[PDB]
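The chain that follows stands alone, in the form deposited in one PDB entry, written as structure tokens.
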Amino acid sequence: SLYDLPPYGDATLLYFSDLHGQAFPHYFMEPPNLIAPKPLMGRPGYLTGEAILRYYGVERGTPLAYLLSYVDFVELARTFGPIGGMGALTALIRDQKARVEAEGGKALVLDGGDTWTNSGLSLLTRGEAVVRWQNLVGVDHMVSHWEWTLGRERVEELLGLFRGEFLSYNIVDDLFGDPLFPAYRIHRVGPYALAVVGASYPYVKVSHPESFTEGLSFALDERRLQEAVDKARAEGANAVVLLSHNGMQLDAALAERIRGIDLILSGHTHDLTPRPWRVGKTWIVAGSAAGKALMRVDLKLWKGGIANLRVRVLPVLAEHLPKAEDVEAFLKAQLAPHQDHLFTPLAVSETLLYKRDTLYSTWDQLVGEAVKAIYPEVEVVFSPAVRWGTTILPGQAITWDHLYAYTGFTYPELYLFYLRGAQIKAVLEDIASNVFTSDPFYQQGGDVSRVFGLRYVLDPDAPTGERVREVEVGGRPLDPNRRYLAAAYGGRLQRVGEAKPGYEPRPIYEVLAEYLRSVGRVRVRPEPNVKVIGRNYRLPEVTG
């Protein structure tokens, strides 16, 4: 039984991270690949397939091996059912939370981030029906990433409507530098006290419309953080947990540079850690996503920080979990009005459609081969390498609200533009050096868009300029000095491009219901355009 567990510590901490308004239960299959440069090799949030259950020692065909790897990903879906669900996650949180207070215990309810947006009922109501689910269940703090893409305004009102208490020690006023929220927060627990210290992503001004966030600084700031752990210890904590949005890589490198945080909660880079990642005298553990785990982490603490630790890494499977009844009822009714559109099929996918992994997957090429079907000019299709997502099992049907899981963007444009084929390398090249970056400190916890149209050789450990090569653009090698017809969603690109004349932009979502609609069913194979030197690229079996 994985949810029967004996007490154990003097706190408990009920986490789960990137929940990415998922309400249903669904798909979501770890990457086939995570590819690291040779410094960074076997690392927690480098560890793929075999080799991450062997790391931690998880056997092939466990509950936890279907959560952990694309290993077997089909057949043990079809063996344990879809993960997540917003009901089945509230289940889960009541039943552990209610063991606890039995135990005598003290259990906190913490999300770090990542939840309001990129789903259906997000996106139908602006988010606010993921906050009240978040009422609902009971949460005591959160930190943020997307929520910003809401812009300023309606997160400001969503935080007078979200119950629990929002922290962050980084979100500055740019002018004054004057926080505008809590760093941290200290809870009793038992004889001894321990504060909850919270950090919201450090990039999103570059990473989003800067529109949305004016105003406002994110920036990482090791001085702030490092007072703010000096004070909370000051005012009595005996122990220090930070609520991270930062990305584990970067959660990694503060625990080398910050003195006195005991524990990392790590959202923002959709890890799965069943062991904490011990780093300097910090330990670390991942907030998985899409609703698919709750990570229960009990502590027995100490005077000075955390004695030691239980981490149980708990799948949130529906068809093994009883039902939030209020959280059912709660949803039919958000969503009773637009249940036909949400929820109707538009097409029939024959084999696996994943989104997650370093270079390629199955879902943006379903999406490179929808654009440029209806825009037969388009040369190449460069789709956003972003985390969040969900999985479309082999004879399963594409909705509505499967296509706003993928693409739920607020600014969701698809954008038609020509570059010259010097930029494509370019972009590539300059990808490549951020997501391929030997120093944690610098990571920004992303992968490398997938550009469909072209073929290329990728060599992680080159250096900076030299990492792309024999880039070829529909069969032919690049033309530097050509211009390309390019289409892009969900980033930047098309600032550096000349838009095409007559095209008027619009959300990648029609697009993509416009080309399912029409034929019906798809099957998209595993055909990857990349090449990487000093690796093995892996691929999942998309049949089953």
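Numbering follows the first chain given and starts at 1. Rigid core (definition): largest C-alpha set, two forms, superposition within 1.5 Å. What changes on going to the form deposited in another entry:
When both forms sit on the same rigid core, the CA shifts between these two forms reach 2 angstroms or more only at 445 out of 389, 445, 85, 112.
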Given for the second form:
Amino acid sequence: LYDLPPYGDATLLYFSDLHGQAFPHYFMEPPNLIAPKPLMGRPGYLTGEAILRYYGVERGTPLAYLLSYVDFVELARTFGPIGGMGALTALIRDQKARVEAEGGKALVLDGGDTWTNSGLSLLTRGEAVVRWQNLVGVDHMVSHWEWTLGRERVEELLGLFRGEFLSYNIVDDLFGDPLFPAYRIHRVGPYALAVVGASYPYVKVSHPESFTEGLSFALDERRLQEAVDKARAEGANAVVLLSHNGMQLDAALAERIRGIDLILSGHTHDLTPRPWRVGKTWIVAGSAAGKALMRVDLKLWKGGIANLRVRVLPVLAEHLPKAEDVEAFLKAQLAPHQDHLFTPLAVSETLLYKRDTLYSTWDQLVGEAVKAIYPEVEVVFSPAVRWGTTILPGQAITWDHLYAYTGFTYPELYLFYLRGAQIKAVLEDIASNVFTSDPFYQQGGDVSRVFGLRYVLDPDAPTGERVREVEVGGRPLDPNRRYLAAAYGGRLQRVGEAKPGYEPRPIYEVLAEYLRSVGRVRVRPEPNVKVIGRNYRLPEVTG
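Switching conditions: you have the form deposited in one PDB entry, so give me the form deposited in another entry.
Shown next is a single chain and nothing more.
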């Protein structure tokens, strides 16, 4: 709940990966987070009943509703939607006021992936999200998807952003000079707390290169270590890393970098009801889509963090007061677009979810839509991003949802031929990245969903042997056969042969065309992958 007693010298109110989600919505955690044996059972790879047990969270509680897919639909009906900028603002303000009334010091920290991927964002090229950050009063933020707006727009938006953007790693690609401050030291009574920022290191290979030309985001352990050391030389007693590296990478850094007391981990969209102790560092994840506000109270000492209290505060719009200024602001911004954004396109008869290592009902729906409009397509590759939303049974799908699921600034759907060998290699290559069993390199991640294909995955097999028994359209994969593929949200088209006469157009236009026509959809979970050595789980899709 929200009525917490005072604790410590400083309070951090942290959220991450909002992905421009302006309104209350639903967001189910993944039914599977598959890992090779060495990585199983650790934060970042917990789901379902196991995550509840790991954290000692009772089944059926508001925290259980946020934390796991177990009982999802039932709990969504019980507790209501999560997030919304209005409710998140109300909660942040409630907590900050409480802390300041106690004579405490509070900082509002945003872990990045904030400005993009929503109707509000696309309609304003991120501007409305920044204006919202300003209404709440965000002290710092880091970045990742922000860069898909392009360097020019990001700089414009940083002019508007009243908080202080941090990043030790964004440097010029020719001279190496950092473009932003690495950290900021804040007075917390008699102590000094440094907030160091880290943006996603893989922006260049993850998005169109044009968006970040002239910049390097490379993970630079030396530069990070020197930043931590410098903050301490300037008087910082404790050091907090506001990170967008991904939680597993943050855990690896905790064992390599000296002096990081706490890491606020974004990117992987994880939940950590209790902090994860790695080396001499505590790690707290930032969740996603506005579902939670992480309150981290710190008892500091001359040399670091003596102790801390972590609470995952559910952002439940039905259980929080309104932030009137935010409600009014959103009304002003979207009044002209409400018809477009909220009119039903179709009704979903069952649960549409996005997150999972391998398969989702939302991605299957997209595959069906693509094949319905382009019957020549044999395989549809959907991007396994961790942002999105969840549609409940009987709920209408709207344009706002389409933008929540497919609101890339580069949303083009591409149709192109791939040889069978390429299809298999694409999956094997992703598997090698997502599943490496070497704890030194593991970072995790999700696998592209390929509608029209079925395969067997063995996460523990050697590279080159993880993907087997591939079948396309009920027939064994023919390595030399040319198959017509479709893909959006990535770079797969670069190794294909473009379909003659086809003009790439936004995936959401294709989806809206399909949905308007069909009126109602019913996508029951029918996973197309068999996982060796694991039980593949599914949620309950009715109710």
